[PDB]
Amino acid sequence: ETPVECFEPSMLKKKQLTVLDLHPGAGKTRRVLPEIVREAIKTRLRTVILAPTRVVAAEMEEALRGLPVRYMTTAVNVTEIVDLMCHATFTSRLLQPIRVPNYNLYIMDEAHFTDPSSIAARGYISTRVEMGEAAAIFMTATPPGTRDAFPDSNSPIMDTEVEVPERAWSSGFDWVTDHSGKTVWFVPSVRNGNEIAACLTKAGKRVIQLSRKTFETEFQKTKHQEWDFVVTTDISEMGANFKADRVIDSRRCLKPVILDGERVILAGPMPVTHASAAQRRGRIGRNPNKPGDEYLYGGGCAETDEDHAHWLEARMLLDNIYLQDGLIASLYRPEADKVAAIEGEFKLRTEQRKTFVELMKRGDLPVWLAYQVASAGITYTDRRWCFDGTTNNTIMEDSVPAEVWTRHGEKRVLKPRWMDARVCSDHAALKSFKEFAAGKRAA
């Protein structure tokens, strides 16, 4: 229950689940993780290590060099004693009709990650631990329920609430561009990031944008002194290391919300959680001999309620991940109260379960949307639902209805039967959903 400040080998005994909240300067990846891994190899424990991103996974692979650790960059079925993969890869593996190894040790890094695949992985793991099959270590500086937006750092951080631009500006924010150092700017969305980055670029700044779809390749560009701003969504809350001296934090996020069980809207921008604010601020103050890092933030914090879609989507995943004796994993208890749904409420019959996973893995659809289409009895290749919805579900592209040529040869207005705002959030999202609706892409 209570987080612990340092690793101790008793945490590796079955039924133990520990939240490890390491102090600044502890060297989690380079010092603590190899100690845990060596002790795991020592006691012949089948172990998996779960990184939030491929960037962190690559950092772990380096830190663990010379140890028998196998890094699985993709969710392909495999079947030397320590596996390494991303949270998302792990959950994708759980969905395959192949049993995942009987790991007796799970190590999850940046275990505060609130994406549905991470929530689902935490529920599966905590269930395996509760059943005496394994031990688990959840590593995070911001465990569930944290209310401290201003935790300790290696060096003191100068915190100041300011007006943070939410749109492009032409004047009135000279403190933004008068800065001569490096700034990480957290924005609530890709579209907002696009508008802010363009404005900084117009002002002569060298900007790198980061988001979930681009993160691995664009994060590489940060590894040099060749930039003035990183403009990033919340994805950089999950262990992204920057050499910066300032964070500009909107303190805002978008929240996917299922309205009346009929549609998903992206509500907000609204205040971030305390954990998110702490992690954003946590990009700086990291050098104990470099004072003066600055955290400029645009508003207050607020805690999630039950209307956030990711926890329902995690239950949709876990209901369709088998265990022995037909068992269904529960959410990790600190998060279980974020949904009203019970284990099994979303468990689909075999053929519709298969379509559900196809829409997610092949179709790149959000979990909620994939579930609506699968549970309606629609097969994966039937794209008619993308066009026969209410006019109220028309997706707009440049202030006119978006239009798609189907592989059958008709031009159709994009009007999905179920509307999930995430498929048309940004240009990259829409482009993908358009290719999906065109029946062109079976991936």
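Note that the rigid core is defined as the largest set of C-alphas that superpose within 1.5 Å between two forms. Numbering follows the first chain given and starts at 1. First, how it differs from the form deposited in another entry.
- Put the two forms on the same core and the Cα of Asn393 is off by less than 2 Å between the two forms.
- Once the cores line up, the CA of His23 ends up 2 angstroms or more apart between the two forms.
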Given for the second form:
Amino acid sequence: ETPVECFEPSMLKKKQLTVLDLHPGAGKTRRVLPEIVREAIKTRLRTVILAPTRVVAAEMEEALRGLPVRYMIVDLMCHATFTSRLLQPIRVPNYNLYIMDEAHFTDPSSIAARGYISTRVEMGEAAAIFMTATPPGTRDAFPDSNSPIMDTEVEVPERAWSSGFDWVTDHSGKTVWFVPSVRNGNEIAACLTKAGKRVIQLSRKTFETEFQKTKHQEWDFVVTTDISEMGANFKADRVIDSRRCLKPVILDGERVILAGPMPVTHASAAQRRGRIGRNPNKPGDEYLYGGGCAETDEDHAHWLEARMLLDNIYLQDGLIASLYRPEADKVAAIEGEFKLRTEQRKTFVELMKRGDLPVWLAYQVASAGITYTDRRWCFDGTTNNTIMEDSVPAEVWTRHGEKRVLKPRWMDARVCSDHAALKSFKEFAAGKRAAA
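To complete the pair, please output the form deposited in another entry; the form deposited in one PDB entry was given just before.
Keep in mind that what follows is only the chain, not its partners or any molecules around it.
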């Protein structure tokens, strides 16, 4: 029940669930993971390794080079790819060993993957190892590091500034700056670029292509959302942490708002700080943070969305998987409330995979009996659901040649929270889709 600090071969026998909680940068992904894979191959286990992002998967594929590891014999895939396969009639192999790296990731597909895995372990069908420096319930924002970190609470700019904050731009090294949202990041990055800094911006939808730029010498700032908490490695000297995040909230079961900016969890703060202090021979790394931490409330939509996913994943006859027990208190929905019949469930998965809609929104459309290609719901909502861009109602040319105001029947604030998200939703509402 208690987390461990070293891998032991008896962790690979069925019904064992082990949390490996070495401090950030202690060598979990880099040194303990290849040891586990060797022992699994030696014992003929059917194994899957789950990476948080394809960036990290590509990294592990090279560190595991020379072993029989199939990137999608040991299978390698991302959390989202794993949960995605569980949602198709492509009934997944019955692995008897699941290794989940960066097991703290709180996106809905990762929460659902932990629930499925822990249920298989409790069924006695598998063993599992969750690797993370910050397991659920963590209340330490300042864990150990390979080199000592200088922690300082300071006022962190939340918008562009025309004077002051000289300590930001006088720094000579490399800084990673965590922001609560893409739109806040755009404003900070433009202000740094105007000061002559070379800035890379990272978000969940640009991470793959833009993270590559960080592997070079010629940058001063990375401005990033919380996606960089999931095992992203930088060569940086300083982290600036707003200590804030946005929280998706389902108001009354009828809409999703983005609440905040509000304090991050202790686990998030520790992972942000854990981007630096990683070189044991390089003292002096600095963590500058702008406020306190707070634990997640009852109302974070990601855990409810995870139940929407798990209610639609096959397990064994009529069974439905539970959430991983330290996470199971966050949701009030009851097992099975979100189960869909076969055809609506196909629409549900299509809206998420092909439409890039948030889980909650894809469920509302699918359970309404709307088919994937029917976009009338994007335009027939109430007036309060009108989507604005630069303070004017957004309009779209539909597939049928009419210009309509964007006014979805169900409002999820995440489809219009930044320029790239709105562009994608406008294309979806028009019956179009940009080349993947």
